[PDB]
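With one protein chain removed, the remaining protein chains of the complex are shown where they sit.
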Amino acid sequence: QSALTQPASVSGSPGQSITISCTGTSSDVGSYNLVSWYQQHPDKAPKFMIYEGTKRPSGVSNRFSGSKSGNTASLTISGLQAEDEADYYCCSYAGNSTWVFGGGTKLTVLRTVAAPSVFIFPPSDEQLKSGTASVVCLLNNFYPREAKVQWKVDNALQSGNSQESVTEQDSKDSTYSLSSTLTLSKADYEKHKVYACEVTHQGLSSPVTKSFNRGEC
Amino acid sequence: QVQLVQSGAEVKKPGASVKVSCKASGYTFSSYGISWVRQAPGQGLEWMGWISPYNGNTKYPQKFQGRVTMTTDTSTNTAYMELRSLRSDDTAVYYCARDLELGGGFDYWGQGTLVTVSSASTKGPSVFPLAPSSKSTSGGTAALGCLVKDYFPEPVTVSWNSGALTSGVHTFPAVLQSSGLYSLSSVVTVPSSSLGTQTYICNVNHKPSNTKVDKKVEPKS
Partner (left out) sequence: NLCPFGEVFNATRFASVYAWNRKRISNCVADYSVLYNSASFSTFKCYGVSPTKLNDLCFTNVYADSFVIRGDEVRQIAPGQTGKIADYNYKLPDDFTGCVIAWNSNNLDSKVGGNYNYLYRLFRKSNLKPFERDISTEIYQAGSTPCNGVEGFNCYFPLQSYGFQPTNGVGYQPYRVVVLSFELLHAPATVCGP
């Protein structure tokens, strides 16, 4: 009735093979050949992948294999691809009519460095009417995930009024995307002219800046 | 083919109860079990218990013993799960899944039901356009988007051209603002030659407030 220990994250190059560990006690993984594996893509219900430790339900690719040694089950993905990016959970019978899951493992596909395409969006006129200005900076299709986004308003670095969001790894290109939103009051927004996004990423020779002048189509 | 359709996402005040429905079809209801598995946001899966539509047998883990009740309508082919004394770490997505029992697997899963435990009011999103730039911003590609702002009860579904546009779409995870309201953006990259010829509409649905908003995104003057 205690959680099963999987590595929090696993990464591998395309075409490679990786393995996800799933460790329990003698009373669960060790006792029963009843380990199943589930694959969860972002924002979707999990998918049944493995059962009885090593079997595949009809429909699952043959590069998903199952292994077991002592108190540890193992999922092995071979011929790794971008569509394999997901969260993987193991499950075991624990006796007493009890199922027990693992902590989950995030699979990351390694790929080549990709610089982001930067776009900056001023607030819509509809939103200014209501008294708030949201300024959005998009960083699109970039690898690796590490990035720096900075807001500079009339060349002054803004701090503490911006939030970021990052997508999970994309299932076709293996890249990430990031939104940065700068929220100002309508009064503050009109005190200033040049709104600038400044992006730092391993793929860029030197940081990229995208900017607009307030009130210019 | 096998199918499990669950009830809609809802808000519940702390201490209240919630009953999630789960409709099965495409297989003999009683030939399998029904397990419920929940998932707190960004967390792992948690087994919540089992019910046999065959004989009505149930089992719950000690954690949920007392607070959860699973029932089965063998006529409607529908499994219900009810959880009382709702607390804030009960906010999660609730899956029903066809259970192989000692066959050893949760075969097919329902889409899930996001139960948010909160005393905050249900507020709808305001949708604002992220307009394509007058400059051709990057190579031959341009970016446009919709900003969905100020909606308290997650979740929000956004589609582009009613599902016609799926390529290059990115919808970001919602962010909790200081207001206590959620905010997100959905963006898509489209060829620059198409901005004048093709129309681009984001379809935003907030089922907790039954608000449906379609916003045309087009370049500014």
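Per-chain numbering from 1; labels A and B assigned in written order.
Criterion: a contact is a pair of C-beta atoms (placed from the backbone, for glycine too) under 8 Å apart; a residue touches a chain by one contact, two chains touch by 3 or more.
Q: Just to verify: which one of A:95, A:203 or A:207 makes contact with the chain not shown?
A: Answering carefully, the residue with contact to the hidden chain is A:95.
Q: Give the residue, chosen from B:79, B:100, B:114 or B:190, that touches the chain omitted from the document.
A: B:100
Q: On subunit B, what residues meet the omitted chain?
A: Touch with the absent chain occurs at residues 30-33, 50, 52, 54-55, 57, 59, 100-103.
Q: Mind pulling the subunit A residues that touch the left-out chain?
A: Looking at subunit A, the ones touching the missing chain are residues 32, 34, 93, 95-98.
Going forward, only the chains that are shown with their structure count from here on.
Q: Averaged over CA atoms, how far is the centre of subunit A from the centre of subunit B? Could you give it in whole Å?
A: 18
Q: Which of the residues in subunit B come into contact with subunit A in the complex?
A: By the definition above, subunit B touches subunit A via 35, 37, 44-47, 50, 59, 61-62, 95, 100, 102-112, 126, 128-131, 133-134, 137-138, 141, 143, 145, 147, 149, 170-175, 177, 183-185, 187, 189, 220-221.
Q: In the complex of these two chains, what residues of subunit A are touching subunit B?
A: Those in contact with subunit B are residues 1, 3, 32-36, 38, 45-48, 51-52, 57, 89, 91, 93, 97-104, 117-124, 126-127, 130, 134, 136, 138, 140, 163-167, 170, 177, 179, 181, 183, 210, 212, 217.
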